[PDB]
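Right after this comes chain A.
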Amino acid sequence: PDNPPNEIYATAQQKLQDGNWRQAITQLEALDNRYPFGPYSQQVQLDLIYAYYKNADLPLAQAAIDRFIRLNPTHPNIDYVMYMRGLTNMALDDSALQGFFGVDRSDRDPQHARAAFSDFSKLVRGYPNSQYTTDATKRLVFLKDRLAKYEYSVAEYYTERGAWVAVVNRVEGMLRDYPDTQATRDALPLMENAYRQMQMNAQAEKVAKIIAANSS
Partner candidate 1 sequence: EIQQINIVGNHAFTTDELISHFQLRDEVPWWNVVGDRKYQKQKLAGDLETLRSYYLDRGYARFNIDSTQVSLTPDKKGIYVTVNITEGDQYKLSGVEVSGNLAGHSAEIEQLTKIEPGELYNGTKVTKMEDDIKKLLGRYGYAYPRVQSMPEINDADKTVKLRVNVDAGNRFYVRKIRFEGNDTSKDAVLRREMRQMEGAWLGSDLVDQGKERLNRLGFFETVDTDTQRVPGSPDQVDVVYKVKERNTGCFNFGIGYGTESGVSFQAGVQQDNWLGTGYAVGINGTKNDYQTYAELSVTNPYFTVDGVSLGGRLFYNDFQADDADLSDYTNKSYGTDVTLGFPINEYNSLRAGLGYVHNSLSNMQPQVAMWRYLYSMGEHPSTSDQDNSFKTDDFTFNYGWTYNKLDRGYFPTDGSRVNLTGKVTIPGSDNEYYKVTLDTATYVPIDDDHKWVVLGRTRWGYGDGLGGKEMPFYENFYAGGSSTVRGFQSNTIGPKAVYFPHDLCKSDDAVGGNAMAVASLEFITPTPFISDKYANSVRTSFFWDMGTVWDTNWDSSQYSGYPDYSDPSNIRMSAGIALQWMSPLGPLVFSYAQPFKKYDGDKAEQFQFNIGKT
Partner candidate 2 sequence: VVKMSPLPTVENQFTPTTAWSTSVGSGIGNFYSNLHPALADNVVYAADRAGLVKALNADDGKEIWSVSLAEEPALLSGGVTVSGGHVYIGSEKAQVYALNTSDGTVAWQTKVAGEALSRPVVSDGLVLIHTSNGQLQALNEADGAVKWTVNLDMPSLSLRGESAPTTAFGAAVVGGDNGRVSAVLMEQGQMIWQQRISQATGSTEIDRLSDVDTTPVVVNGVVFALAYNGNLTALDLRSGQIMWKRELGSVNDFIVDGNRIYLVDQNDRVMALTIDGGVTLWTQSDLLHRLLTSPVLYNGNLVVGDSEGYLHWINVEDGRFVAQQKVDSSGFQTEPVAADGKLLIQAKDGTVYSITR
C-alpha cells in the first residue's frame, strides 16, 4: 500500500544494503510506478539500474539505461549510467561454462563486445576528468585485443580453406582498424603467404619488408 515515502525508501535502501535484490527491485519498481514524478525518483531509477545489474537482469538493465538517458540527457551523473551500460554489455558477453573449463571465447560472436567498446569509447571521450576513466581504458584495451583475435581467427580459417583474397581483405581491414595489436603482427605472415599464392609477389616483397621492419 501507499504511504509517505520515508519508510518505503528507508526499507528500500536497507534491503539494498542487505543485498536482497529480489525484494529490493520489487519495492523500487512499486514505488517508482506509484510516484512516476516523485521529488527524487531519479535516485530510485539509479537504484533500479544497480538492482538490475547485480540481479543478473541484464536486458531490463539495458532498457532502463536507455529510458534514463532519454529522459535525462544532461545530469551530473551521466558517466555512471554510461559506464553501467558498458558493464551490462561486458557482463552479457563473457560468462558461461567455458569460464569453468577455461576456453578462450575469442572466435565467438563479437557483437556484444563491439557495443561495449562503443559505449566505453563514448564515455572516455566524454568525461576524462571522471573517476571511471582508468578502468574504462583497461576495458577498451581488452576489448580491442578481443576483436583483433576474432578477425585473426576468421582470417586463419579462410587461409586454411584456400580463399586467397578474402583473407587479404580481412587482414587489410585488421591493419586499418587494429594498428597496435598482437593479432595483426601474427597475421602479417598470412598476408605474405596469400600474396605468394597469387603469383603476384610484387606486394609480397613489401609485406616481407614490413614484417622484417616490425619483427625486430
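The candidates came about this way: all candidates are chains of the complex that A comes from, given by their letters.
Quick note on the criterion: a residue touches a chain if its C-beta (ideal position, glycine included) is under 8 Å from a C-beta of that chain, and two chains touch if they have at least 3 such contacts; residues count from 1.
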(Q) By the touch definition at the top, chain A has one partner among 1 or 2 in this complex. Which number? (A) 1
Q | In the complex, chain A residues that touch candidate 1 | A | 96-98, 101, 103, 107-109, 111, 150, 153-154, 157-158, 160-161, 163, 165-166, 168-169
